[PDB]
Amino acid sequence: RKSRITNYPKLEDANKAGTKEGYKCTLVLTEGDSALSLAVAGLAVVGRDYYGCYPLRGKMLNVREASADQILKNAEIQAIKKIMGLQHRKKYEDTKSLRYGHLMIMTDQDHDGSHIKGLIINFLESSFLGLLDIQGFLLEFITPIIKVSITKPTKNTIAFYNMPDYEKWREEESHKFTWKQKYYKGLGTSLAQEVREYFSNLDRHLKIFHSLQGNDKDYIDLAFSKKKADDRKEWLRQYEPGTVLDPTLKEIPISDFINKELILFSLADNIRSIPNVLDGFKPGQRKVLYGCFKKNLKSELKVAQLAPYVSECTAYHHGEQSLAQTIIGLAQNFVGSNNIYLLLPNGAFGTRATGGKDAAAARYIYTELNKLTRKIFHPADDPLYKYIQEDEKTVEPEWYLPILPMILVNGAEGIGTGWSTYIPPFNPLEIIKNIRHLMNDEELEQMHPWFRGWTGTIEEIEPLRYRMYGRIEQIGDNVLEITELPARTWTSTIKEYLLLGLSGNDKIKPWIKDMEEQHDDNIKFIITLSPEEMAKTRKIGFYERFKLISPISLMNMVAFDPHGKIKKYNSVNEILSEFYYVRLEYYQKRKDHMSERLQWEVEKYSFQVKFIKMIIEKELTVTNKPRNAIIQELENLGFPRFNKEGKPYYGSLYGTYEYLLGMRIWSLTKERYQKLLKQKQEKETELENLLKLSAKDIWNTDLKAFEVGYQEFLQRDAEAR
């Protein structure tokens, strides 16, 4: 007397499941088929009797709220339904009815892991009422995030299940030994030997979800309910940094699973989904750019080689395939893509006809920096940024600070949790114009969306709302010619449509008599209509019936502000301004950075001169004096030391006297002493000039050089189609 489930091959079934003992049987759900091996490995240790396992594809269907048809057709929740047993329609009191009495989740201990757990809680708490009220039914197997490897001259080997947990052993006892750490960024970086250990224990890897208590049910809704995106916006506002969940508790009330472990993924989801108002980047794109700057992309290389590089040296945690698509995206140049593309698309990078999905394999295509790109991201600014620490490596900045708001240039789209974003691209020219307006305490011009190489029309209806038109023309007796589709309308979308109008449908009658394509480095649909259907078309409208009108809305322009707080901007200029005031402050910062360096060189020179001077008139001798007795005698005479980066140090990482010792015996001449005095008083004049230029003055010098560069950028763009 046992129910055997037979349409699910991947299920390793508990020997006792579906029998009068199913209530003692736990079901282990893993994140994906790869992790399914770890569970099965575990089933060896704990026993195939009261344990079984099944693989969760990946992100699973949020069932609240969702149509019957939707969930019925969803074969994964159907799988967990049939194997657990679970009748859909009634209230739960026992688990005595199901094939398994307990369900346990093996996520791989990252953020998206927690997103999976939550999705499961939602599913269970929605599809079956009384279920999560049954104490001890939902379990969670947890795994280490870091393993430390103690090496000299000893080796106990340890494990850590949180970051702060670990960071603490670090500025605590890390010093006490020799050691090296290892990140467990997903299941299956765990060795077999190790997984067996876990399972041999599992009183310390199992944590239980407490049954539903007051406000549990609410939070699950105030997180997964499709009706509550606005509240999620505040729920995230409210989260107070550092609020994580206890390392050893064994009971985890939902209500701060949600409020202490889901918000962590939710905060993460937004960070990778939404751009910073300052540079227009998302963390992934910002890594790619940094990587290019790190090496010297003045000469091209396959994006397949540039992938592993950016990846390796920015602590990337996703595919190289994932990384490469990001590079490809930065480089695409067809009409409707990048108003300015920072990377050059040398090869098959995708085309307008499909919105760039047609692109070739990373290993056959090449990029380099766009010559103009280093005119937008000025190198002189690089020394100023805060370079993030990640996985104990330093990497790209929080943000870059281009000389114009790139987010306004290129725009951005994104879908996060609670928040969403859309900003259309604008015109680098008008943008610069408003920057000038802000520099002169003047009233700003208004700006409209604008697409590089596009040739249609964009009109404002209400503020924050626009309509974008293509071009349709009559070119003969009942003959029309389309020469422009709205931007981001791909050719093949319009093609499927015309072809349908042509042959007709088993839902619609054909209305196009004949069509032909003649696209050139441009769009060209030539369409013929029966005099009957030409009549119909005027009534319904030519642009309307031919799918050549699309809207552009600025009612959801959101971005992380400079303090890293998500913000909804209510106008285009509200963005431009925020940029301006931060971009202006950093011009001071740069001027000041550059003058501190010149200051250090005048300093350098002054002491070289005094140095020569001393020897010349013979107050200091060098020939035949030991390393120590000579440089310890320089210390006496006040002479500073000098490091690799030019900075002085004046008393007892600090730098050496190699700026004075490195000088030879060609050194001790009137001719050198003069040559020195000369460059010194020129590094003085140099400094005087710099200090005259204000922040707007410097900014402007960059804007001008950009203006030139942007014209050459344009001429190359046009010359390439």
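Numbering follows the first chain given and starts at 1. For clarity, a rigid core is taken as the largest C-alpha set superposing within 1.5 Å between two forms. What changes on going to the form deposited in another entry:
- Lining up the core between the two forms shows that one residue from 334, 560, 579, 607 moves its Cα 2 Å or more, and that residue is 607.
- When the rigid core is held fixed, the Cα atom of residue 13 travels 2 angstroms or more between the two forms.
- After superposition on the rigid core, the Cα of residue 121 moves by 2 Å or more between the two forms.
- In this overlay on the rigid core, residue 503 has a C-alpha that sits less than 2 Å away from its partner position between the two forms.
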Contents of the next structure:
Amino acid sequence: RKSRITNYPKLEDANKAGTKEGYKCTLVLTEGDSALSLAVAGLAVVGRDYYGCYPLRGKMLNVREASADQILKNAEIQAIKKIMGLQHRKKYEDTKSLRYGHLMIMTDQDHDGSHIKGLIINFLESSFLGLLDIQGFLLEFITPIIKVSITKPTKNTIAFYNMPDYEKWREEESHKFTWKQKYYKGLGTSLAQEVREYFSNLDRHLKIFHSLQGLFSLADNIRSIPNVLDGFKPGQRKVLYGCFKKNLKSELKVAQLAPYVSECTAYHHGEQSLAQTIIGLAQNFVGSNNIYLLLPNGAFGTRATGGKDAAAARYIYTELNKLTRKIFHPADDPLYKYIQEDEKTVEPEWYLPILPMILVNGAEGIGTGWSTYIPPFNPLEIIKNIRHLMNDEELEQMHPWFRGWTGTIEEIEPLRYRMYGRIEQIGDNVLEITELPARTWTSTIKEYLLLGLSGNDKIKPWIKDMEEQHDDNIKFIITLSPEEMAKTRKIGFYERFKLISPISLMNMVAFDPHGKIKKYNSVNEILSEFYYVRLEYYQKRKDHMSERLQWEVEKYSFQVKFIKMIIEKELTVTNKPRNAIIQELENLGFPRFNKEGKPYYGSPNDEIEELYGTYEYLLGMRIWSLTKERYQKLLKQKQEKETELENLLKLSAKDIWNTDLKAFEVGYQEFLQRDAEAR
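Please show me the structure of the same protein in the form deposited in another entry, now that we have looked at it in the form deposited in one PDB entry.
Partners and other molecules omitted; one chain follows.
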């Protein structure tokens, strides 16, 4: 699929330019005649498959400029655009929609005098500077600072382009070879060799940068609709589970996190997809996550664009939000059903936080046959309500709520709200917009305020002038003609400034506890479903804990019987073989105990492990444990452990749940403080 350039006769297009691989192509722009020859020479070495070349010739005499001349510059810019496939990528995106993925400039013969480089960079900077940020989008031919030749271990040469590289090599590798350096300023009038070297080098590098790309009904809906309970979709669950797996207590790049997460969770989608998910989980601008479980340590996206301006995976870092473990309590980990794939086991079918994360953060998604949208709600409300269900009291009603947001929400019909921003009249014909309805991005407004200012076609402009003094808030100051101000009162200030947006609860759908796609009919319907299962699982947690305690109590009990039976001579071990002494133990009823501390009481015959245990807990004890103080202590422990077991059993599932909710409430106060403080 070759998009082809027809209007530019002087272009020598790459064979793959404008195709699926166009992003992998470099368009070599040359300045003046000599630059071109050199380009061509470098070109011969690398092939015309991934390299295009277009010349912008000229020069003339002097370095001067006073009488102007831009008919040229304008058109030169046009060429680069058409040729590279610009005006074809949406700002903030990546390189895929372009004819060329790079732009190399060749400036030469005279002083750097790149009337180009300046212009190129300049225009790049005021037109689609988002490109200008991409790794090595912009390239420039430069000659090596030092060349190195190696005689022995093998036979090859190394070209360095700056001291740091040379120096790091000299300190870390030089010693492993016999070599001599060759400071650069040993050339006549032929950069041909050096341009060939540059290209050879560049191609060798890009061949590596670009090698690093890091019926349908069920599959889609699964990956597209969240599971109520934890509010995740498989992709997010894998990240969370992954973070819990390696202990995420200190940051690491999201680009290092993604491969780890994919590895341990056999993710079948782009590593780029995961990194995106990690970023989503960490976003914290007003209108994203009410509680971000992942901490955005870097440019993770900003309110102005809704997070598409997030930086690249290799420059940003995340970590577990300190609060995340107070929501997804570690004590429930052993209760989950970890899905099996090949011979691994991955993330749970679902997690069960102490509060319905699906209502805390909300969710949105479109899959085949099914669609969803649940706005976010105030955690503090969710809790007051979980407590109502707990004390069997009527549930209070919950209305969408956004962290850090300050507009106002109003319910019209149940299941439907209208969300308002804020616009005051600060002076006779000067309006100050101090809030936008949540999820309405700061730019989408500016864009529209700009179209009503410099009224670009469609229909007549209508703003005298607009100013933007955004601090960490939103403050657009609008000034209108006495005639337009009064026209806005007729249509309505909020409606005209697009300061209203609706919130529909008409489509709250998510997989219920047994994989079935359900459409809930109320916040409260969702909260209850969750409450019942969560309550059950708190029982499951209690049981799991009491059982370990039970086994401990059992082990100490038998250690006491044993020592007693020995101390007051009813059991003698002094001599007699192994088998005899272990069988005789089985007969007296003493259980074996494996390494997890699980007791076993049956016949260990046939093929006999860790499946049964041993009497190591008895015979492996020290001689010291037959003495008085030790034995007394042994009894003291048995009793303290029995007491520990009782005490636990005296707590209701709800007692525990609430012990957890409280802990969260504390941490959530801290979380909100820290979150606002950084704003």
